[PDB]
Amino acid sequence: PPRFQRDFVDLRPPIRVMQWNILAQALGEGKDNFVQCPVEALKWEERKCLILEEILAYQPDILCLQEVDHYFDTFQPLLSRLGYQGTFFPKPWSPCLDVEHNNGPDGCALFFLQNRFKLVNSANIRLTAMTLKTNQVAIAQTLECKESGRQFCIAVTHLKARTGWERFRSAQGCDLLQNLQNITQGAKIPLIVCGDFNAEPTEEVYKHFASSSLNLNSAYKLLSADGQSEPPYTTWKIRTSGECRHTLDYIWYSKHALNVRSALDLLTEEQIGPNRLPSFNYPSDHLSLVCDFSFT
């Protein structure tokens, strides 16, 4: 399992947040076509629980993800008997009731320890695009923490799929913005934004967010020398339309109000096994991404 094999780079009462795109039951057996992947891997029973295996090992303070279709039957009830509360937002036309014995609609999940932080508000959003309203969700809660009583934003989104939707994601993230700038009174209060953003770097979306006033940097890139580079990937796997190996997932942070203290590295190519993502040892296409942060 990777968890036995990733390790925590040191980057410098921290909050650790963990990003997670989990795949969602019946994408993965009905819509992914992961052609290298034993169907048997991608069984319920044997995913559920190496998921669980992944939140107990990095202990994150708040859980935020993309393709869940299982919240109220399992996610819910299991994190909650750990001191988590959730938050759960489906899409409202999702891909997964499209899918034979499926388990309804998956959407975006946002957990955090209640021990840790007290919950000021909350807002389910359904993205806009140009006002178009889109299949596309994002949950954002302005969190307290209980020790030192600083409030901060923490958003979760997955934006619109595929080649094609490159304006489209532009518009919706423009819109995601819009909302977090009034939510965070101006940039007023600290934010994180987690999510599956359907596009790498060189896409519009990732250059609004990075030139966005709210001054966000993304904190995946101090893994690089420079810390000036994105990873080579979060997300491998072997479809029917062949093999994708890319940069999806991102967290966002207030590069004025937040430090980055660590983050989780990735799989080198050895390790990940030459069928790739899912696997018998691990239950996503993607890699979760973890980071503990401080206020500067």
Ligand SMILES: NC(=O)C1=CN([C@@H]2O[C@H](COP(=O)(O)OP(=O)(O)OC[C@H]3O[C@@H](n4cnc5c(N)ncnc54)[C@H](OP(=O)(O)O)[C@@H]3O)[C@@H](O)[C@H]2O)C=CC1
Contents of the next structure:
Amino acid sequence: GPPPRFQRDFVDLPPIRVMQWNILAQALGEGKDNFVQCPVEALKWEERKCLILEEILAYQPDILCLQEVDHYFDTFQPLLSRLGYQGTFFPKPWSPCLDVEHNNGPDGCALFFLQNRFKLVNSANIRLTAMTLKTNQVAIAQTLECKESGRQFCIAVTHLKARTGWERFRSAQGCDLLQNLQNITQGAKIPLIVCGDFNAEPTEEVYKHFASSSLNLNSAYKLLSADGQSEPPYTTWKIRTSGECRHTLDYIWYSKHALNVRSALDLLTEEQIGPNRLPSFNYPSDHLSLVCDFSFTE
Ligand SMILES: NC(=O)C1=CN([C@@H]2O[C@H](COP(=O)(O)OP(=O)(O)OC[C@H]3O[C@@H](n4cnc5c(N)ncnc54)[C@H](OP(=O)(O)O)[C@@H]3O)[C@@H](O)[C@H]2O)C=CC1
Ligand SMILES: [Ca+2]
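Show the form solved in complex with the ligand, please, the one above being the form solved without the ligand.
Then the entire complex follows, led off by the chain already shown.
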């Protein structure tokens, strides 16, 4: 069928468009994930590189928050720079990509913004800790200033520890991240948007901490549901040796009292995604991109 970027629609709910995407590290896609039903030819870097850029070009985001970026310096930083994006990259200290014999270096988080829209006010590369234990996961938090209005806001991207058995570990990481954002936003004086692959479904403690934080954060993709009270049924969908995995791990959190969600990019239906799920010949990651338009209240 056609590329998913031709199937997904924006639900209507100087806007700022934020895109959240775990793009699937090249070294991990070929060497560790064991996508037993995705053809190997669809995982080639040249094919994936082109599909990732096409997704970004389709949605023309003002802010791009990425995880699992192992081709920052050779691909995404130079190419997106030519399109007007300023980039920041922060690698995991011990990336699993380094376990692959022909990898392209460590993966990590990246944060891109359109230079002609925003001025960079401050930036922090945060190594997440779990009750003071130094972990292998990271966050980037930047304060930006709108060059037209003068409004400042904070954008953060993170990637938490994966897999079952790390629920308490993820909760501690999230608490550290929230603690950092408390400091950077001066007690919610600055509006906040947090993008990440939290590697946790809404039933996990880490989700509840974000949902009950005094930062007053809402999850943007809940607004796709009828009453706006439920997270989407999935943000990642693939088939491993272990079995078919379909769950919600990706979120865009936002200051409920300071930002309004104007739109959200809808999900694929079961019929549209195809029997072989993601990734595929027409989509380069096992996670769907999340895209929302925000506006400042009043
Ligand atoms: N540098 C070196 O020399 C050595 C590296 N290692 C270590 O391996 C460790 C792994 O790194 P870490 O950051 O903790 O990675 P995580 O445990 O947090 O996640 C594993 C990565 O593969 C994806 N994934 C999800 N489910 C599975 C699965 N069932 N099987 C395989 N992959 C899956 C995940 O994506 P998603 O988020 O979407 O779920 C994720 O990106 C590192 O600490 C590294 O130091 C091991 C030996 C030597
Ligand atoms: Ca992955």
